[PDB]
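**Student:** One letter stands for each residue in the lines below.
6 protein chains.
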Amino acid sequence: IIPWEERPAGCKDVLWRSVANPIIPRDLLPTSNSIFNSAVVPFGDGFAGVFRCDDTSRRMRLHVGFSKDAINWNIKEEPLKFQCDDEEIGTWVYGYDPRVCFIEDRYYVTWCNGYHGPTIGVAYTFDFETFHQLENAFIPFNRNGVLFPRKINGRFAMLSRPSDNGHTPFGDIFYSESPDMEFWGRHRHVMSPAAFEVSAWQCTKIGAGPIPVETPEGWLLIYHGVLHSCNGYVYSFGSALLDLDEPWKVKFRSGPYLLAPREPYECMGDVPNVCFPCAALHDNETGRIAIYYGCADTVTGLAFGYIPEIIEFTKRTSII
Amino acid sequence: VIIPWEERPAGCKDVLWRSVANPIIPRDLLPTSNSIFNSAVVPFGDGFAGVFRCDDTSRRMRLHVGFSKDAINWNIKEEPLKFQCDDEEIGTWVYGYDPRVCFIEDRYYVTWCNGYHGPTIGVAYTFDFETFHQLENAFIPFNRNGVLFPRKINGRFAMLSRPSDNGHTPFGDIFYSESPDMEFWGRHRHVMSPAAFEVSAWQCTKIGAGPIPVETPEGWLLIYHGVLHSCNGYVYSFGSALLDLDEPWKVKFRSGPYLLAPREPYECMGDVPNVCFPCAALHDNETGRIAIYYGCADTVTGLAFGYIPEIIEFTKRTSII
Amino acid sequence: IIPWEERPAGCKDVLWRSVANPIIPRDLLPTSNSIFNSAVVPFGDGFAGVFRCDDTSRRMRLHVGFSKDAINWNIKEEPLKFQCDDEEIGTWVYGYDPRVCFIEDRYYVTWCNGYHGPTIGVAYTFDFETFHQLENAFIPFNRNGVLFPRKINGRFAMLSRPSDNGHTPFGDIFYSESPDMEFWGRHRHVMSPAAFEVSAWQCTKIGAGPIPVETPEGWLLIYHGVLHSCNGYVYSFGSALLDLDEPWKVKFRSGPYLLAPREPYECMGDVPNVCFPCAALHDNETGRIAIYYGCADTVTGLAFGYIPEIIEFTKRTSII
Amino acid sequence: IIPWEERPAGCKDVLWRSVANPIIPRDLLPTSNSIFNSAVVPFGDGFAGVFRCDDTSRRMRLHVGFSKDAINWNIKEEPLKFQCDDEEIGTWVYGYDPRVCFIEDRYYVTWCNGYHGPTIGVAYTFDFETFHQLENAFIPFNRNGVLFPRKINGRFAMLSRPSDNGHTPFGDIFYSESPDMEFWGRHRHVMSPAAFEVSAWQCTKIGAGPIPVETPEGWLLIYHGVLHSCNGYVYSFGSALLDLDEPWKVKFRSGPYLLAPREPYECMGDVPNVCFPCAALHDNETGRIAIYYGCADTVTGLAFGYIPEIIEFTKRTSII
Amino acid sequence: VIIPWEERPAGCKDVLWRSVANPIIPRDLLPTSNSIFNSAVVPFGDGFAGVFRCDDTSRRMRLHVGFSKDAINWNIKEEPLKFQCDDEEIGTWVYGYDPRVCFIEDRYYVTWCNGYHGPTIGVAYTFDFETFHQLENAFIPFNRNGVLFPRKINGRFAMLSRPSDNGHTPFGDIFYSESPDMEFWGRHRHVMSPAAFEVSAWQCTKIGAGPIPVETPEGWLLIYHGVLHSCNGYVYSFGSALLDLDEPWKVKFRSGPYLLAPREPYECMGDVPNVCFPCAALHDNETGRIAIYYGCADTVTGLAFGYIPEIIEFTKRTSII
Amino acid sequence: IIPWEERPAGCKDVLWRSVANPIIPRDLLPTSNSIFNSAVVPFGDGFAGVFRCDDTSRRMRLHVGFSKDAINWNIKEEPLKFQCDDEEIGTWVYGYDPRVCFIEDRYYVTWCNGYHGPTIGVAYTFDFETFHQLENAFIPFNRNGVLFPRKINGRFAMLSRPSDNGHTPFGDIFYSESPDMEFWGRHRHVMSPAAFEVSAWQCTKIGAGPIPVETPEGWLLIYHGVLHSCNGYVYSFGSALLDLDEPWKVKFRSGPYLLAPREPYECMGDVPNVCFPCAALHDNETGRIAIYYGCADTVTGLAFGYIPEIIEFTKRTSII
Ligand SMILES: CC(=O)N[C@@H]1[C@@H](O)[C@H](O)[C@@H](CO)O[C@@H]1O
Ligand SMILES: CC(=O)N[C@@H]1[C@@H](O)[C@H](O)[C@@H](CO)O[C@@H]1O
Ligand SMILES: CC(=O)N[C@@H]1[C@@H](O)[C@H](O)[C@@H](CO)O[C@@H]1O
Ligand SMILES: CC(=O)N[C@@H]1[C@@H](O)[C@H](O)[C@@H](CO)O[C@@H]1O
Ligand SMILES: CC(=O)N[C@@H]1[C@@H](O)[C@H](O)[C@@H](CO)O[C@@H]1O
Ligand SMILES: CC(=O)N[C@@H]1[C@@H](O)[C@H](O)[C@@H](CO)O[C@@H]1O
Ligand SMILES: [K+]
Ligand SMILES: [K+]
Ligand SMILES: [K+]
Ligand SMILES: [K+]
Ligand SMILES: [K+]
Ligand SMILES: [K+]
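Residue numbers (the numbering used here), protein chains in the order written: chain A, 34 to 353; chain B, 10 to 330; chain C, 34 to 353; chain D, 34 to 353; chain E, 10 to 330; chain F, 34 to 353.
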């Protein structure tokens, strides 16, 4: 049973913000400075997740949380530690940008893990108590690693986003596969930022957000895009539809955003003008989807909509 | 013509004061608008018309016509304005922003930052704010902040402009040019450069012309923006200068202080924080009233009021020339 | 008798903001745009200060102010002018970043003085009416000059911060001495920005804030640190303890910040996301300290704490 | 009778260097540092030109020169000074990049003229003794202004190259017309730099060189292209064919260059790795063309070819 | 195999010495070649073969096969090498540079910097140097300086690489990766970073693998390039390291001094001034002789010679680990 | 007796290169990569110097050398190590840019000393065998520190050049005084780069070269200037005359350079297009001066001229 608020009266938008935003405040932990990625999944008869909680030292750590209702979170004060046989991959430097999904028999966590710069860390859990760390999937510099929630033609699949070691001024989404969660390959380009004249909210760089959502015609991808203004980056998010069998083949890609920084909690904070989607919960029998997104790199917010309406919007407004 | 007006508050000593109704145009007036923050406004018939920059939810820059009975409450067309053009190449639409409008002699002219292998100044005319006829782009890229004078200067059309680059330009002088025919342009003259940081830092990075010049007996009143580069971005403020009536590239007085700078929440939070960008004015020489339209945070449109003679006085008193 | 508010009920922070913030508004003077450094000291029956008041031409000027309570200030409308026999040094270009302290027999004012670029200007006063300018202490480019409030083994001492001629993307704190307030030397490195992975609020650049506060466990240094986000700089502030006798030797340095931009008056304004500490009043008998800080380069705020608590926080959280 | 050297036996190149290169040395004048644009034309008995000669102050000045054979030049020691009735336009700041051609009844000179940054200066001369300055054709920033040698459908026509106020990192060629040599307009884009993967010698920026040469198949445009290596720009040059009646319409554009820096005089100098074409003399009866080019921004060189061979090369290798 | 060789010049105390015949390959060997400066060379039958980076007079980067009896005088094919691939997406040619070639078990493999939405490491194999069969690109962009080990390491193929950007990259660490199958890659391990400027400035900006690692009893001998960033550009020098045999990401010794730096006119002047870029080596374990191929000023190819044990001695003696 | 070559026949230049250049080659020492500052003085029976010799690790080290004739040098293989009781200042990181002169009773050496970035190191020797390190004169970032060869009104005096921590894109010359060779002050701006349109060889940055040369008319300062081309920096050098009593007051300053990179040893090497003057020897009786200068940051060269001729050239071509 997923978090839900009905479409506000008179609202014509395909996605609408929770009137209770933010749902997770910056100061939930005794030394939290900000809490703004919430990689959430159903777990048991409630919910679990891995949260980016930056502390008052501005260190980036991951913490486990649990919730009965997916809105009020009980986040562990101790940062998440990963078990690793290999001491060098198991060395912690930093971590941010978590994503979590269930694949076949267990939950997988990806995050941007420091190993001589940003790359994609990978781990699994059965219980959100012990996490077994796997090889980093890629060589740096890479982030916005997002696994598909089932195998594709008998291989694990992940979207990713080649980066640099700074505030990267570019970014294409890529797709890769693995037979074993250890060795990765068959890299395919998915998409590039759009031209400024076509769709400027996604003209500087783009990156995958929540775990891809399967629909009968393809994968619904919710992804961030950046616009470079004279005064900074503005992060908005939107939707695309990927081919089911070869998800690097993009079928439709929204011209308009789904959501952009509007509210004071999106516009003011540690990084102004940021809506960064990180997770979603959905129900295919009602079409309902709830999208979790970071707000100003400070707090966490929720937005709601219907999958069929998002799909119709993505096709009708498509730039491809 | 009855222009909008609010009297200055009790105890306010400022030369310009904001409308208590700001923002006068909201970001979501149209079903697909993301922001509406340039308002090129003129008297038209028994009321007012304008060309508005309305950026949509794809963050595309388009121009839309609007009409108003009082110049405060606007009815803006949902569909973007399309230009008619004799020439297919010039007529091709890439993007448009930064509109300005004025009447010269027998018709309304519209200039805008028109994409043609980069930003340049598009030119068109209209008799009715329904059909627009596009003329040659006035200049080669890169250029924007094109603003016509509202009459010919010694028998030639005249336009202020602002040589630019293809990004968020880190420099910018105002220039003046003439044309006998609205097709060929020349006699380019430098008007002014940014001020020295230690003299007037609100206008030390770059400058550009705003509203159409307003003719006064003490010269053309130019209201123009200026940029300060802080560690966290650009701050856009605006101020005033007086140009020679006959040779308007000769600046006679230029203000040290700004007239208006970002202060209010609607100016300090939005798509581009800390921007007050003036785009149009309405004025009444009988009363000396002036109403200046300005975009706020690249999100919404606001209005500010003052008196022409008080602005002239301020410009002279505080002149850095 | 220093300004004080009790720590809010339930508040676990070492420093807490005044509920009266901002204490100095942007428009206090007829031509002020912003008022955000407040170099304050006790004087006579109350308080005096040197204030950075940027005007509506965005020029950077210094003005003298007086207060009876150190909260409600009466600032002179006319900028401060300095007396100097040397016309070359005496030439005013611009001035910002003032700091003020009494040393032995008079008050000294330092500021970021334009002399072919930013350097540290120096002047004294006996009465806060007439100010007499001394030689600039250093060659450009330097700022964040902050004198010790007594001589150190017989010499005047000053912290500074080598810079460039723009929005400096680096910054270490240095220490220098002078026998005579004219010739300076014995330059020693104090500290550098921390590593991003250890303490990111202070990983781009740092600079000294208020006059050092003598304690039995060392000089308490309150200093700003910068984090470079994709959208610009975020200024926070924290604490270090310097050796009493050789103050370039850092004994303890906080990991977490003491204060970071949170309130709308800190997050929105001429320069968003800035808390810049400029002065402090303290009472060794009660342990109370009141720290003045510029907010968003627009207004002035106050924050309160106890010196023993700040000492304890600095030591327990030390990254060295 | 234009200069000529026959193609060496076995030489397969479309263009070949004079064996006498450099034809103008850097120290020809008592104060010359370098001499490296040579805007040459037939005049009377022999030849005349306008030369960029940078002095030992590294100032950029134009000088008039005369030659019997177009190879050995007698350049005037004193810079060229223009007569102008408008004192504002007639103010000399700097000048470089000259081009000279006869149109109708007199010689026109264009150059990169300082007027609050680079723009295209214009003047005329009947005798190469007195030069009369006209209005600058465009607003800054622009350079590489090159006139057509006759009117095009009753209007003067000029190629130009919108620029910035530095070492410009971009550059498209544009075309403009004027009824009167005063007011300019009908601006049209001619061509942009090529894609890196298609033709990298011309992928950063391009600019017109010699006066266009009229042929039955279009205007022969010889133009420079830049490649941005890790160690700077490399200037090469190539060929295109423009429509006769509407010269902004490009018919053919070479993939390969015609000439690139190879010789020590091209690869070592004030600006290493530069071949910058500035003029040509040609003879339609024989098809001979002689192209003048600056070498390393230090000296002037000559290269030879046949117009029909250049045309066949431009077509065969066309990237349009 | 008879590897090229010249004895050390009389009086010469350097560990490596340039051929007196340099450049051994000129820039205009082919009718349309602009420059020829990577030479990925191996023994083949009775002579030598290689894959050469020949940039053309359009300044396109292509790979060409060549053959030589002596490894000094090369017969390079006029037409660029084409790869067979049955996946059209991966088999699309955009550009290629930076080849390296070695024999592993049953065939020759060739890696190169292959354009696939930016630089990455392309991989192919050949049995005969006539037909080349392309495999998956080994990594996601941006990467280059991919260099295979000449045997499997504990049953897996192994490759050095170099994470990059899509420009003239201002950074660069060498990495190591493994693959069981020449298709999927993983077990990524950091090998080394640029040195500190105050320790060894020829290798302080970025580093990258050069020739195929050469196996010694004392480790893998890695010859690699290093960049120094002067006010006027990058200077590429090359030096030596020894890697653990079994875990080649563990560096045992790393030279402080360079082995070779741009000195000669053919190294200092050309398309990219001040570049010595090593691309291949031939060696003879019986004699200890090694011949190192290197690109000179991105224009021509040179040769340098030395003795493996003397290089090992120098690497240990001068080690900055 | 200082080295001398008479001006080549007909040569009209104020300064002329030695026909023996380069006088010091790059490979004098077993591990030298380049040898290109040579801070030279008369000593005992001949000459002594401190030389910048970068090694084959590209480390910057200073070495002592001696010569009978000041042309052919015997440079010590071992780098120079300074004696210093203070362990903090005595720590060696790197050193370059040496300058040497005799002041009153001993030889002083300054150099660009690494101390948390570049600053001016200072030391003395009586014998060119043992060198005794003093305090760094300034806080970083600074270089091109050049002492005057006597006291000025009872104080030691030094030119310097505020910098940054990279390849500095700016640079003015400053003057400072010290009563004791420990504490420094009375900082005065000497000169800034010229405007591009006035004198482009010196329009990016400038810095002092050889020790100032006393004349009856003022101090002859030989200094470098930088021009920023598209392909890098070009270092040339020229002359100014400073007031004898107040040497920050410039009396005349040359518009043209004295010398600029022309020869292959100046235009090809580790840093192309560099002539960097570092020391001079002179004879007041004859007016002869021999100027040592770094060539392409690879080798050392010599140029000769006459002090009165240099002075008249500086006056006649003065840009102030
Ligand atoms: C603590 C901090 O500033 N972290 C940021 C991270 O939030 C961001 O996503 C990345 C890219 O812009 O840069 C930094 O790693
Ligand atoms: C869509 C968008 O971000 N447009 C901006 C425009 O508003 C701005 O005026 C111009 C110059 O700074 O840059 C961009 O074109
Ligand atoms: C008027 C203005 O913008 N002044 C700022 C000043 O506040 C700031 O501290 C300094 C460094 O960032 O740069 C500028 O001088
Ligand atoms: C003196 C000097 O360096 N002049 C150059 C000029 O030669 C060049 O064409 C232009 C663009 O790169 O920049 C500068 O004006
Ligand atoms: C054609 C051309 O300039 N190619 C270069 C290539 O040689 C170089 O290795 C790379 C990194 O600097 O940049 C470009 O791809
Ligand atoms: C080894 C090396 O590259 N040193 C240079 C030095 O020669 C130069 O003067 C300084 C300023 O450009 O930068 C670097 O420190
Ligand atoms: K795709
Ligand atoms: K003017
Ligand atoms: K210290
Ligand atoms: K065209
Ligand atoms: K390692
Ligand atoms: K001076």
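These are calculated hints, taken from the structure and not from any lab test.
In this text, a Cβ means the ideal position worked out from N, Cα and C, and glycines have one as well.
Accuracy of the hints is not assured; some may be wrong.
Over 10 Å on every C-beta distance to chain B, these chain A residues come out as not near it, computed from the model [claimed, not checked]:
1) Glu38
2) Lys45
3) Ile104
4) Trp125
5) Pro182
6) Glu230
7) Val267
8) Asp276
9) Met301
Facing chain D, according to a computed beta carbon distance under 8 Å, are these residues of chain E, among others [as the list claims (entries may be wrong)]:
10) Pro35
11) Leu38
12) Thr66
13) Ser67
14) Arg68
15) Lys86
16) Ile99
17) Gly100
18) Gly124
19) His177
20) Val208
21) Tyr243
22) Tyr275
23) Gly279
24) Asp280
25) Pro282
**Student:** All the hints need checking, so say for each whether the structure fits it.
**Tutor:** Hint check results:
{"no.": "1", "hint": "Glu38", "verdict": "20 Å, holds"}
{"no.": "2", "hint": "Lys45", "verdict": "7 Å, violated"}
{"no.": "3", "hint": "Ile104", "verdict": "27 Å, holds"}
{"no.": "4", "hint": "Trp125", "verdict": "32 Å, holds"}
{"no.": "5", "hint": "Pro182", "verdict": "29 Å, holds"}
{"no.": "6", "hint": "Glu230", "verdict": "5 Å, violated"}
{"no.": "7", "hint": "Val267", "verdict": "7 Å, violated"}
{"no.": "8", "hint": "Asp276", "verdict": "23 Å, holds"}
{"no.": "9", "hint": "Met301", "verdict": "6 Å, violated"}
{"no.": "10", "hint": "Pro35", "verdict": "12 Å, violated"}
{"no.": "11", "hint": "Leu38", "verdict": "14 Å, violated"}
{"no.": "12", "hint": "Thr66", "verdict": "4 Å, holds"}
{"no.": "13", "hint": "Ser67", "verdict": "5 Å, holds"}
{"no.": "14", "hint": "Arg68", "verdict": "4 Å, holds"}
{"no.": "15", "hint": "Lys86", "verdict": "18 Å, violated"}
{"no.": "16", "hint": "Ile99", "verdict": "17 Å, violated"}
{"no.": "17", "hint": "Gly100", "verdict": "16 Å, violated"}
{"no.": "18", "hint": "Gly124", "verdict": "7 Å, holds"}
{"no.": "19", "hint": "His177", "verdict": "4 Å, holds"}
{"no.": "20", "hint": "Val208", "verdict": "23 Å, violated"}
{"no.": "21", "hint": "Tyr243", "verdict": "5 Å, holds"}
{"no.": "22", "hint": "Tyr275", "verdict": "11 Å, violated"}
{"no.": "23", "hint": "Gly279", "verdict": "7 Å, holds"}
{"no.": "24", "hint": "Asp280", "verdict": "7 Å, holds"}
{"no.": "25", "hint": "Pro282", "verdict": "6 Å, holds"}
Checked against the numbered hints listed earlier, the structure breaks hints 2, 6, 7, 9, 10, 11, 15, 16, 17, 20, 22; every other hint is satisfied.
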